[PDB]
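For this depiction, one protein chain was excluded, whereas all remaining protein chains were kept in their positions.
For clarity, chains are labelled A, B and C in written order, and residue numbers in each chain start from 1.
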Amino acid sequence: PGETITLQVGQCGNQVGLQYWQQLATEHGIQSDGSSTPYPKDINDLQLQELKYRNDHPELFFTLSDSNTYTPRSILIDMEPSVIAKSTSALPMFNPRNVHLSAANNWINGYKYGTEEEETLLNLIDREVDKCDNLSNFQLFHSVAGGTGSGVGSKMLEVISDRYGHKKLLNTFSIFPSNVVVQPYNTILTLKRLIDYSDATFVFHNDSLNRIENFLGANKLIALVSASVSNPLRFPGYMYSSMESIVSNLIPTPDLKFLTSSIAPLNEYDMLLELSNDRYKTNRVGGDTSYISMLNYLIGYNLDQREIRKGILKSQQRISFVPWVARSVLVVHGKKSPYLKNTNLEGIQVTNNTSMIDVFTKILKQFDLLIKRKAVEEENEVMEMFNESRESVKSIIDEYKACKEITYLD
Amino acid sequence: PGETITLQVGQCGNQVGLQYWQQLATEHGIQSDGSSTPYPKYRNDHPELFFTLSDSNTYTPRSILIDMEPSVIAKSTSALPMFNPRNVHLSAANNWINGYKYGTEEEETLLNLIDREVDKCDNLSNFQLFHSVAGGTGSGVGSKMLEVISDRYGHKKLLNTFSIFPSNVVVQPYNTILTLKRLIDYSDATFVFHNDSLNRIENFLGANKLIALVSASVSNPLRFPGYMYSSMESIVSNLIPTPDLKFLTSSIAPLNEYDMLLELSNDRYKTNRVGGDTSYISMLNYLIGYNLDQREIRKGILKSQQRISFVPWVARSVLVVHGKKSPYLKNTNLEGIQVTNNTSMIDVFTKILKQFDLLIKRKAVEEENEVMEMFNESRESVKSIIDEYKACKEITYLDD
Amino acid sequence: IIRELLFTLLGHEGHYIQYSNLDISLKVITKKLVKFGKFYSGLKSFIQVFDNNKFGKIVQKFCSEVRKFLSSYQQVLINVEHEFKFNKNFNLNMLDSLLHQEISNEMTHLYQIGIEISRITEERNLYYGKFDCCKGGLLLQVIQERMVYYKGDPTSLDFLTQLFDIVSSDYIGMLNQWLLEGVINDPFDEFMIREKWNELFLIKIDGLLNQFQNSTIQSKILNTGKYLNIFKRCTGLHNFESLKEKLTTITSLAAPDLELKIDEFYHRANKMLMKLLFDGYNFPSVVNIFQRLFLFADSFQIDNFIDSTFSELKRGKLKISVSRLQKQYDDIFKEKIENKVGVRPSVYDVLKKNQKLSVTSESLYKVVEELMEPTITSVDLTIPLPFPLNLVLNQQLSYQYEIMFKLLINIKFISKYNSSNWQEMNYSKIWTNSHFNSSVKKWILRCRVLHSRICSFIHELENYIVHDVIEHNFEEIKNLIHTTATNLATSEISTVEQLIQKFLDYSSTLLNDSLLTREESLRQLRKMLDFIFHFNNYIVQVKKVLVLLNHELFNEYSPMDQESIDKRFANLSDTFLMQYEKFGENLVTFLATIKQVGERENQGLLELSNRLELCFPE
Partner (left out) sequence: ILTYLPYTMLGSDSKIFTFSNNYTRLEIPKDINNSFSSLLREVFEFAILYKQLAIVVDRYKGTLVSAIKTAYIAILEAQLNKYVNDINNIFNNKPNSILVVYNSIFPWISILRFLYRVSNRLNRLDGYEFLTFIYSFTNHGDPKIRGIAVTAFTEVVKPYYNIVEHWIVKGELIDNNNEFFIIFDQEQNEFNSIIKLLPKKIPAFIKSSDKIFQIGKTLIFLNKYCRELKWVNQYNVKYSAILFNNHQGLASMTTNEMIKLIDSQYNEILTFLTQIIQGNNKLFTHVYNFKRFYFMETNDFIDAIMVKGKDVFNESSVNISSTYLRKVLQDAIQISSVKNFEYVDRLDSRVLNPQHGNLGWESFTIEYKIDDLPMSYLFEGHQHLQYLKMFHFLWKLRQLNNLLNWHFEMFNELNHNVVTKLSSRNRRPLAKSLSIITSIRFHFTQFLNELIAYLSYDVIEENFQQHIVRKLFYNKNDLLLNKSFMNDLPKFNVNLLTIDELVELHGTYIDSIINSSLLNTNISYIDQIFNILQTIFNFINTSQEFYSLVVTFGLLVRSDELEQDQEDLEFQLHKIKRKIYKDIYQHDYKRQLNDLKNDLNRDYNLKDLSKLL
């Protein structure tokens, strides 16, 4: 039950991370000031009707003080100071000592800036480890291309490994760019570091994000899924107490760490069948892709047993599974927060499928098309990092292409 | 059954829709403030087919109030302050040519307006259109309004109209021939109302309440549940045997249940122009005034079987509909509304052909050669419906 | 000569005459004297054996009455002892007149009633006779035998009606407690009504009197206590007493007030039970709900179920699941409410969460067939109807009241298919093209007219069923419910036994007038509804045959341009003409079957035969 440190880097992760921490505030009763709200009595125990004392666990994402204020354990890092001021002034409970101010429009400028001030970033992370009593999970919120989060966010995930020995679970929560000159080769350079210094990755397409909700609305859609995977963590249930228990139940191979998400929008029988539709997935799908693992979230409280079981049995036949993986559809019965209204019923599905073939080959097709068309000792190290990144993303592509055929038994 | 959406187009349609919704709110006891009235939950009446249920218990009707001028819209919103302000759409149109161009450029913003009314209904069953067949702002965009809803929804949603025909400006023969084409190949059911014949029934405000009496009594078993005719699809399926003669007329009765069925069949109480010898195709009688002693109804039906003229190929049956009275309103007397389709709709169609054929012979850039084509195509579109009425009357219908 | 016979009538020896003579003089008067005192010990021996705990309780009170006579017997033996020792000087003449004037009138009757019990001991609305040990029934009936055998004697019957008064005084106390309260306290089997709600109050026909033999009065005494237990099982109230009193009949089981007081207790047992059903359990609120669930008083609920499950009801029972049809029926009819302790659901929201929509494997056209001597056919409804409403609306009622639901949902499904077929035969895109040949356009125009006369048949058959039959017969039931209910509220129909008969008559005529009673009537109702359904599913398959008869429509919806277009149109007109002569075939026999049974049995069915015969020939 170790706590979780979140790292917001880049222009995306600041406004997405603002929606991530505003979602955790109303879910746990704390306000923008930081003071705690008296916990309402759950309706799982009634009293003699004539006719403090908290059941949730917010310490994994907030720290405690003597005056009962809750401060989130997030690290903010960007180039421009304008994006930090809109996030700090909106939610005043952010720790101002976690705020770091330096723009970078390329991966080379981002990774070089990550080398020059290693000492002020590694010391900032180690101050948050002193606040917690147990650390088990690091979290990221970065863009794959575009802003400075591709460059210096690629370095911040590398300084976790050399300092702590890479024994902490890294969830990257990456946002892939939509379909721009810098955008093709920005993606292929950070993805080599993404598949080398991580443990799990939740991919999110921006071009497939406006299809679901129909830029402020695009930020609220990422925070709904990012806070849904932490619902059995903060609200303790029978299973899925820690983040390593969810991901290890989902990732079979350390080269297969790429997860696709989907939001359901009612009852809970049609909610399980609505999540299996291919139009709700944040990742784009092409043909019929075989599924490896899947986890259905029902974080709105469901007193509908024997109805969830009929939906699991129906969703086993309508989903084609990989042959060496057993057909097991797992569902968590997450509990509704007593501060939010009990009327709405949410549903999230995170899953591992073969749909990442179309995502990676879309970048690799545009990678060689631009370096052949357009193309001090700086050209040599750029060229060898292209070929090192070219052969490395192919390794997880042929791993997905061989995953559909029955293998891994010799 | 299914929920119902109506469309009020034009200046004449907005005045009818004002009286149509004030009478629907009176029968269900709904005040003119959006507030509900307790029953004199636990409600047998179903106002959910026409009104929207909200979280704040406000009652807003499902109506679109498209119009060119903002004069009559202020009349409807001030007198009935419960219409949705997003459903009403605003900006002079006197002809059909300048009125059809208003709906063609604004087709996307008006089709998007009615999609907000589909998702608010669980199961939609029919559409309605209150307009005038002669007029610039009514027949201009309303002819485009029924066309855009025909191909999108595609034969699963019924489209009824309640049109008003001209009784007598000199441009009124130009547009009545154009929109009569679109009312034939694109409308499912059509009600005919004559402004001149409606004044005779009462003996412009007096004729509006008579149309509101008929347009609300046809859906009386739809809202108030009964033994039969629970849906609108089972009501129109009797009156229209074939789609090429879907034009319908009506009759208003104003004391016995045997005498009410005899007074409805008279040609004096009619909303449409009646010729000399008219033969009926199908008939529906609405006894909505709480008829309970079913001994006098049995004599009124058996008398109406061997007295009224009949078309030979159709089965002569006089279907009587027992309608329950509204508990919020007081019991005045027995009310009767006879809706039917007969051969009596030839004399007004050839009257339109007479004013059209006389005007083309008199002849009263790039816009001339297209409207003579549209005048030509609309002529045999309504000439084929004349030969259809003349064929079904004789024995020449039942052969090759 | 006199002292020795003074001890012989006490059942003892006199040393000369007999046990407990050859010197016969002129003593003729003692020939009958020793005969009268011989059976004196017959009463005393009758006491010591029949006073046991067995042999019933009513013989114990009689055993006390004969022992009271034993003391009244010995009361006069002091006077003859006073007559003996004193100086009377009157012997051999008056001794007969003294001991038989006040004793022999009661000594003779008390011996024949006792010797018959020992005789019958050596022999040994409902049922279970075979009485044992001749305890209560055989003793009370031979007393009335003894009165009618001595008619004409005023000085002899007055003792028998007094002997029957005190003996049967204990039998009235349990009979008065049964009729007034309902307590059946009887330690032995010493009563008529024996508690064993149908096979529970057997009446034991072995031991009734001659007065309790009429078949009408046996139900006046059996249903008086049964309808009182229903008032005692529901609200409690052991030994009511109702802050009131009652006349509490006491006199005898021989009076003109016997037939009047039993009926007086029978009207009170029905006034208190009907006040429990009408006011307590809201019985007018049940018969308006049975009309909304079985006979469709408000068809808005069932019309939303049929169109939602329209694709599921067309397919057979094998190609459908039971759970999918029942589940959709719950969201549209029922409403899930919480049973928190403290609230009280009425009869409206209890029977609304109790019905079950079974689709078990029978047919509507065989359930009615076995009663007398697609999934829309086998769909049905069942309501549990809890206590005590399962007593008046019993299973004989609901079986004649559920059959009308399967018929009313079958024709409402045919009227749903024809109303949907009218939508596609008139305003479709495939069915209504623009520039096909006139040989096809005449076949489309002939198919619409045939369907416009088929659709008007079920809209006329329904107007007779839902209005002339169901609604017309309910106007007299609903009238004699509310004006029953206004009279019951004043007191603190008037019989529960006729309320079951009034509702069984309502469901029978609804089953009679709706063509489900006769052999040839049901044989045409099954054939006519099946042919309409065979024509309705014929329409949906022409929609794929009309795509090959038009060349423009097949080019947009993708063997073409040969003689097979004229060949398959000839096969289309062949199977369409076979259905046109078949429509006129069954209808002229359907019009003939109503003319046959509409003149002899039902006058209301002739009203359809006057209306339908004037429609379709025209």
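To be clear about the criterion, a contact is a pair of C-beta atoms (placed from the backbone, for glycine too) under 8 Å apart; a residue touches a chain by one contact, two chains touch by 3 or more.
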Quiz item: From the list C:154, C:187, C:256 or C:559, which touches the chain that is not on show?
Solution: C:187
Quiz item: Which is it among A:155, A:281 or A:333 that touches the chain not included here?
Solution: A:333
Quiz item: Quick one: which of A:52, A:97, A:318 or A:373 touches the chain that's been left out?
Solution: A:52
Quiz prompt | Option from A:100, A:166 or A:284 whose C-beta touches the chain left out | solution = A:166
Quiz prompt | Residues of chain A in contact with the chain not shown | solution = 1-2, 44-57, 59, 133-134, 161, 165-167, 169, 196-197, 199, 236-242, 244-245, 247-249, 251-255, 293, 303, 305-306, 308-309, 312-313, 316, 324-331, 333, 408-410
Self-check item: Residues of chain C (touch criterion as defined above) contacting the omitted chain
Solution: 4, 7, 10, 12-15, 20, 51, 53, 57-64, 67, 70-71, 74-75, 77-78, 81, 85, 170, 187, 234-235, 238-239, 243, 275-276, 279-282, 338-342, 344-347, 350, 386
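The definition used in the following text is that only the chains that are shown with their structure count from here on.
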Practice problem: Please work out the Cα centroid separation of chain A and chain B, and write it as a whole number of Å. | Solution: 57
Practice problem: Could you give the separation in Å between the centres of chain A and chain C, each centre being the mean of its C-alpha atoms? | Solution: 72
Self-check item: Multi-partner residues of chain C (each touching 2 or more other chains)
Solution: none
Quiz item: Which of the residues in chain B end up touching chain C in this complex?
Solution: 1-2, 44, 46, 123, 154-156, 158, 188, 225-228, 230-231, 233-234, 237-238, 240-243, 282, 292, 294, 298, 301-302, 305-306, 310, 313-317, 319-320, 322, 400
Self-check item: chain C residues within the chain B interface of the complex
Solution: 296-301, 303-304, 307-308, 415-416, 418-420, 422-424, 426-429, 432, 442, 445, 448-449, 452-453, 455-457, 459-460, 462-463, 466-468, 470-472, 475, 607, 610-611, 614-616, 618
